[PDB]
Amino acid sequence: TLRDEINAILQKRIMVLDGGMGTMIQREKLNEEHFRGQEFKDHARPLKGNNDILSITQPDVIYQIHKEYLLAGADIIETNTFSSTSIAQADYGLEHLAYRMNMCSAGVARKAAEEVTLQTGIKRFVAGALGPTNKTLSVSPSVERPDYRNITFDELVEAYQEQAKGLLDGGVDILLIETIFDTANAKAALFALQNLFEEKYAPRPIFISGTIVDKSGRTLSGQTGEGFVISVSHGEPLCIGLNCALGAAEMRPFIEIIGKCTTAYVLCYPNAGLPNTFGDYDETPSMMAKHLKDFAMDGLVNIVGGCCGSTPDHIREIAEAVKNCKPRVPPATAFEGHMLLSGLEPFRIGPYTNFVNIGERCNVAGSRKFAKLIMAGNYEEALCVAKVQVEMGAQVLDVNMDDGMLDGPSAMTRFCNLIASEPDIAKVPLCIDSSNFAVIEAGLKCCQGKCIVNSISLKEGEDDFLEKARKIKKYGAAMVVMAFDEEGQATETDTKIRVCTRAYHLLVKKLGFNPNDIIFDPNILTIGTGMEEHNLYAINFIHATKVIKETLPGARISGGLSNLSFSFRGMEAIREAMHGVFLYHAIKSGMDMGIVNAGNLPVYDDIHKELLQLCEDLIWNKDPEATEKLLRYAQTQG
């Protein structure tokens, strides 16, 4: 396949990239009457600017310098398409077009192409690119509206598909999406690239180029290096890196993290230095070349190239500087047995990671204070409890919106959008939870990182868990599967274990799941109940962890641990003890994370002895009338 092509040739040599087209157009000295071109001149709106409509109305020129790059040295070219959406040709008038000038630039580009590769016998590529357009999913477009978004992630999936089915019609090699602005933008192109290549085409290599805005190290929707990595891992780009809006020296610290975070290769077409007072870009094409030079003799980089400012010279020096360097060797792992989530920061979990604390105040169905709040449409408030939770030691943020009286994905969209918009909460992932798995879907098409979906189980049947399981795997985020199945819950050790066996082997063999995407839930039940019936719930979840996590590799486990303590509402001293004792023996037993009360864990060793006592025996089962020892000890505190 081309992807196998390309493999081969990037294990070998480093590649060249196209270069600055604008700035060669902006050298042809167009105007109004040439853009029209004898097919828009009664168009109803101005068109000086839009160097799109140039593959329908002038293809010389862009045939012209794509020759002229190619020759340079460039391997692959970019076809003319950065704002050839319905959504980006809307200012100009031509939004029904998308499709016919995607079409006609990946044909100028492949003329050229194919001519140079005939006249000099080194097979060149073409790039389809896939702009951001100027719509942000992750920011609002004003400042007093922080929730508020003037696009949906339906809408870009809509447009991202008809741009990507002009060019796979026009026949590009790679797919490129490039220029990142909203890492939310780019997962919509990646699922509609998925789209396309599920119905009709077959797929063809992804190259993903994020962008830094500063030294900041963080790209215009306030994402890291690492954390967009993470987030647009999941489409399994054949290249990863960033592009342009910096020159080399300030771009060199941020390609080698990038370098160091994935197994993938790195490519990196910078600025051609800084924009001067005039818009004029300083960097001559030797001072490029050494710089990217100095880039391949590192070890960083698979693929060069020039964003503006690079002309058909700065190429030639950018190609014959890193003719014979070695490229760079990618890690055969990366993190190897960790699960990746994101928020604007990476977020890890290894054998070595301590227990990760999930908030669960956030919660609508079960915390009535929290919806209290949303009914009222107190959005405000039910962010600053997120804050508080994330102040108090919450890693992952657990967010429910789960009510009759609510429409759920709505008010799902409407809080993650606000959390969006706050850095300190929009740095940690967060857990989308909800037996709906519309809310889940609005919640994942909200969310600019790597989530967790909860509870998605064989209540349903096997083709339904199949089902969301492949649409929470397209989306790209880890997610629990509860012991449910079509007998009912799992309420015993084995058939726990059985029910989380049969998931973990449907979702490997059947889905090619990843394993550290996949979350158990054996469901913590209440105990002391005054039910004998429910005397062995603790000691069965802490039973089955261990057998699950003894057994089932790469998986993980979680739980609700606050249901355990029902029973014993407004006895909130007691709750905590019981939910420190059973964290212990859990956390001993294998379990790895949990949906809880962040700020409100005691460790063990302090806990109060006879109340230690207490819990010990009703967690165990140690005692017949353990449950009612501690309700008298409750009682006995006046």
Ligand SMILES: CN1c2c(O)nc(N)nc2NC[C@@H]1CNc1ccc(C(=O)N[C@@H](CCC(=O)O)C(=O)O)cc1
The other form holds:
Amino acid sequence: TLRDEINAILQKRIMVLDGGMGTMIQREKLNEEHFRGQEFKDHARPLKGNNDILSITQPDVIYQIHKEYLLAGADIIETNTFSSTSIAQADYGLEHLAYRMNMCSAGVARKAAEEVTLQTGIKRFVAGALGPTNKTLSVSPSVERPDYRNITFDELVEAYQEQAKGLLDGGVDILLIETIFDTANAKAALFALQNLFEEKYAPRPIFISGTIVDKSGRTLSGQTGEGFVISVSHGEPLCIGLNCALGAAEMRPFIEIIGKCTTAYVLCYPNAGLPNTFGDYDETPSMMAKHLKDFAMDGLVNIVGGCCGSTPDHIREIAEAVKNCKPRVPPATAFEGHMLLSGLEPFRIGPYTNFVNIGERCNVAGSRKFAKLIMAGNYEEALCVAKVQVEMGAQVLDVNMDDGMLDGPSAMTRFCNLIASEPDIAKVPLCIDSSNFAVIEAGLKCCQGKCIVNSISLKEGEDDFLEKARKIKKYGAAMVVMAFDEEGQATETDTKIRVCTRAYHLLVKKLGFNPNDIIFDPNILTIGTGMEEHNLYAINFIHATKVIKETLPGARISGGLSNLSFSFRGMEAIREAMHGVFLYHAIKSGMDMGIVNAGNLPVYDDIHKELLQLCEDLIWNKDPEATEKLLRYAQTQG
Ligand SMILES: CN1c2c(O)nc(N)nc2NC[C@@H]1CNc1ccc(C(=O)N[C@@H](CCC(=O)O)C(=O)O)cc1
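With the form deposited without the named molecule done, generate the form deposited with the named molecule bound in the same format.
Below is the whole assembly, all chains and molecules, this chain first.
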């Protein structure tokens, strides 16, 4: 296929990509009549500056620019479709034509590519460019309305799907999500591409390239390079990298950092230096070629090119410079065994990582303060609960909005949108927890990074679980699988192990799920309720954690720690004591993380020795009278 053909070329030599199409169009200096052409002569809105309309109004100019770039030495030419969505064309009144413009841009690029391929013998490729659009999902249009968004995930999915329909019907060889200002927009474009590839169309290679705005190393939406790579690698792009907004000397460290984090190829086409006082990126082609050759000799990049300021002279110099350079070899074992989560910053859970705290207090059903703030509509002050959780040591935040008084999806969308507006909250990943899958989808469609979906299970059959898991994989997030099946909630050790194994072998063998993205919850259940059947639950969880960790490769283990101490509510210190003891024994068992009260977990050594012994007796059922003894000990604290 096309992906194999491109991958074969990328292994032997470095590939050169198009260049500054807008810069070439600027030297043409077309006027309003030239932009309109004959067909749009009486169009009610101005079309000057709309470079995408030239594909139907001035095909000759676009074709000549493509031929110039290809004869310069470029191997891949982007289509003139940077603003060819219905949303981007809404400024020009050309919403209905987004399919037509994409089709004609693909055709006019393909004719030039075929002509140059015939004339030179070197096969050329056409990359369908999908622009970032002026609308942002992860950033509010106004400072005073942080939770407000003027565009939704579904609208952008529809627009990008129409654009990609136009591009694929025109016959592009590569799809290129470029100049990503918002990682959520890139995820929406990937979602649309997955819809198209799973409905009718054979897959095409996908090139993803972000944009580091400043020397701070973060995109426009605030995500770092590693976080961006983690977020957008669920679609498995053939190439990843950066473009524009920076010169090579300013882009080199970020390119190295990205190259060391992904097993995909690295594409880098930066601006031709900094703009001068006149506004022209004046870095000469020779200096650009030398900078890209320094990039290539170090093994930093695999695809080179130029963003704004790159004329075909720059492309000729770059192509002749990188002609003899040896390509980058991707690291095949990039963070093997780790679980790769992300918010604004990467969060990797490896085999030698400590216990990961997940903040339980952002739960409507299980936090009195959070529920009190949410039902009043005061999400602004309910964000302070997550702030305190992160300040207190929570590495992941668990979000739950399940209540009959609340509209689930709307509340979860608003809370995720408000979370994204706060930097220190947004750097840690989120845990999407809800019994309704609509709320889970609403949470996944508002997240910038890679989150965890909580509470998926075999409760409603194999087919429903499989469909939900397929949707989660398409969204590309991590997911927790409960030990819950058609017979009910798992309580015995053997039943927990059987349910977890059955869930695991479905996901990996049939759905092809990533084993490092699966988290198993053997259902920590309350003990010491006064009922003798409930006294073995902690032991069952610990043994199930043992067997699951030593029999299911790559699968993590988590659970709700506070569930174990429901019988002793109001007696907080004893609850923290059992939490410490159970955490000690479960981490010795293999519990990788858990939804826990982040700052209220004492270490096993500073627990009071008498209370330590009482909690050990209760949890391990060493004494049939343990629960009443612990209650009496609590009563002695009067
Ligand atoms: C049900 N349990 C759970 C689970 O067992 N397994 C998974 N995967 N996910 C989850 N998510 C929800 C839940 C864990 N979260 C919890 C569990 C318990 C509490 C809790 O004890 N809250 C206190 C009040 C909290 C307060 O106001 O301070 C209470 O009185 O009940 C608070 C949060």
